[PDB]
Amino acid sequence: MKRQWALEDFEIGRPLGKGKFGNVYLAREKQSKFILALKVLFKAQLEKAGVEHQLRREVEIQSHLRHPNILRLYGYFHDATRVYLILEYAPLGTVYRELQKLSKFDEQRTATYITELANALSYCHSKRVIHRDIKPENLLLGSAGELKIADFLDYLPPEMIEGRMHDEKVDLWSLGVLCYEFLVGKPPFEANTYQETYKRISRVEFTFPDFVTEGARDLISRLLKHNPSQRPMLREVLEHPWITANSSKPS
């Protein structure tokens, strides 16, 4: 059995974002007055892009994922022409916004984010879920500033762009790209053209600014290994001395 939700059950607030298949609004559940976000998807648009099959597959997975660093999908419902997703509300916004405001993150904030991401990714893997889009724009912040993965070229690993087989190790690479962007302000393989970026990634060609410490370089260099098997395991990330020295939160 399950709960039956309806549009009438929520008081719609301000728009939080405008996506390709619809809008996300802040909402208040009429009964409990609980604050949450309502993602409104349009069927006509989902069909025209034949992503329906994908939406349905992500919703099923997202429903079974319960982790403090993963945005919660509370439920869903639909009507004549729209599909509604009931989501957790992250009051402090996106890491992307924070990154743009600060230009770059200090070691403590970065180490903490990487710790939360590694824990979320470890949980995902334990549930056979892999390849999460953890770009800054897909990362939300909870009431206490805790990270929340919200995913319902600069970050693709060599194996994917080179047209090869990939596994959970792609998430390790992603973590490396993010750690660098957090500390630096921009992803490591940025270039003028897609072609140049692909080449930068394939050859694992990137440089460190002078303010990136030895500990960070060690971790990032290890995560960004061309050969997936050479990349550390998530628990090794969590035990990395740079992480245990700077993370304001335990694993």
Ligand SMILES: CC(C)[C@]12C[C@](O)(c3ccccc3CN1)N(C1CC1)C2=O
Contents of the next structure:
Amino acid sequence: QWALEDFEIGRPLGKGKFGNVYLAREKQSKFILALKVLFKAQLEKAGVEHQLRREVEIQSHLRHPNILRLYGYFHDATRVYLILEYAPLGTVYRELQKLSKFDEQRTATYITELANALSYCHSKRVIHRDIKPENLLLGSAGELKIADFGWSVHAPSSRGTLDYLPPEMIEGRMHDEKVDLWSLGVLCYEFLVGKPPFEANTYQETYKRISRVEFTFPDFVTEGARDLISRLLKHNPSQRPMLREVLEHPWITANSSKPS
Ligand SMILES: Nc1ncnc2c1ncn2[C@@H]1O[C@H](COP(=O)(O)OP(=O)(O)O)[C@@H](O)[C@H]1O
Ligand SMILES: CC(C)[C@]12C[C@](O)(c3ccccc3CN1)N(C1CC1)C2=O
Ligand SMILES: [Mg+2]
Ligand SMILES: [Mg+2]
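If the one shown is the form deposited without this ligand, what is the structure of the form deposited with this ligand bound?
Full complex below, order starting with the chain above.
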């Protein structure tokens, strides 16, 4: 159906490991969108065909305002093209670099939107497994949108930076929905502080800090945020709260600008 000739390509939006993402306009409708370009040789050498199929399959059937739409795909002799919803306000990653850290209200609002999207996913027993700032995008009204479903699967299951991964996943053990709850805790901390809680200089040390759950709070982190973050970052996945508990947490309801 679709081919390259149906699109006018514009400025580069961002780069990933495989993805090279461009602004584009569909010629006949003038529909503005983002084109994620992937190199077949690279996908082949890495052997990640199965991940790309999951990305296309999962994300094209999901329908939630806080989840980035994927409309379709095509391919030519050297490349694959994913047709995505364009997110005009950029990444949460960029916004964090701009401001250093977020206040409590901005943080709590992002966490609610995230918890809302993750709740929809887990209801279908879909787990994302790669929640982090560069994969969280912003809409025209500044609303958060989860993207990059390359690592997602159907729980239960086995299998760059370790910073967002829970102990059971890094230790090669088995995992479920609770992995996304650990990542949610890591994100809440990084939003308020400016860096992720287990960050270190080497892969080897980061691994040690994650598996031992070694993190501390700066003085300016309030009691409420401390309580929520400490509940999310439990070694034992079953001890981690449910998304409903997160959305009803006193610190969240006191500071968030959006509902569940
Ligand atoms: N729909 C989009 N709108 C705006 N920017 C995007 C969009 N998709 C991706 N980007 C930018 O391109 C980067 C890489 O995209 P991503 O799909 O995460 O690739 P990868 O799977 O290689 O990580 C993102 O971090 C973001 O900066
Ligand atoms: C025609 C065929 C060879 C294929 C199928 C493929 O696995 C795939 C997977 C998800 C989405 C699109 C496509 C494109 N067509 N693949 C990419 C190299 C991974 C191809 O080149
Ligand atoms: Mg990505
Ligand atoms: Mg990916």
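Rigid core here is just the name for the largest C-alpha set that superposes within 1.5 Å across the two forms. Residue numbers count along the first chain shown, from 1.
- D106 shows a C-alpha shift below 2 Å between these two forms [criterion: core-superposed Cα displacement of 2 Å].
- The Cα position of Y25 differs by less than 2 Å between these two forms after fitting on the rigid core.
- The Cα position of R97 differs by less than 2 Å between these two forms after fitting on the rigid core.
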